[PDB]
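Enquirer: Each chain, letter by letter, is given below.
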Amino acid sequence: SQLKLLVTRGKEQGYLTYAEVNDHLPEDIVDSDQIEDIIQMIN
Amino acid sequence: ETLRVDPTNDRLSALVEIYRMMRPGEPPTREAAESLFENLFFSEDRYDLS
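Read top to bottom, the protein sequences are chains A and B.
Note that the first sequence covers residues 7 to 49 in full-length UniProt numbering.
Note that the second sequence covers residues 349 to 398 in full-length UniProt numbering.
These are computed hints drawn from the structure, not numbers from a lab.
Just so you know, not all the hints are guaranteed correct.
As the list claims (entries may be wrong) - For each label pair, taking beta carbons as the anchor points, the in silico distance ranges come out as: (1) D39/A with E349/B: 33 to 41 Å; (2) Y395/B with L11/A: 31 to 39 Å; (3) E392/B with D34/A: 28 to 36 Å; (4) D34/A with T356/B: 16 to 24 Å.
For each residue, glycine too, the CB sits at the ideal point set by N, CA and C.
Take the sequences, apply the hints, and build the full model.
Expert: So, in structure tokens, the structure goes:
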């Protein structure tokens with residue numbers, strides 16, 4: 007739902023700032039590798 | 349309205365929220381949260397407006 011909301015909001019916006027991704031990516035994640043893989047897939 | 353959306357109520361829970369945002373996932377304490385927050389902007393060796 008959360009990251010799903012992020013994906014759909016991006017796909018309607020056509021873009022995504024780093025801020026919006028940070029707000030929408032989960033909070034359990036601590037490392038930056040999963041975060042950068044999420045950013046790569048989402049791009 | 350911000351205080352509506354604001355889930356915390358006091359300095360303890362607010363510091364815990366800040367700690368979770370900065371150093372995520374780690375189990376917070378009162379002491380660790382307070383120390384992180386005070387080392388953010390009000391410890392002279394880690395924040396400098398020149």
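Enquirer: So, for every hint listed, does it hold in this structure?
Expert: Against the structure, the hints come out as follows:
no.: 1; hint: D39/A with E349/B: 33 to 41 Å; result: holds, 37 Å
no.: 2; hint: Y395/B with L11/A: 31 to 39 Å; result: holds, 34 Å
no.: 3; hint: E392/B with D34/A: 28 to 36 Å; result: holds, 34 Å
no.: 4; hint: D34/A with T356/B: 16 to 24 Å; result: holds, 20 Å
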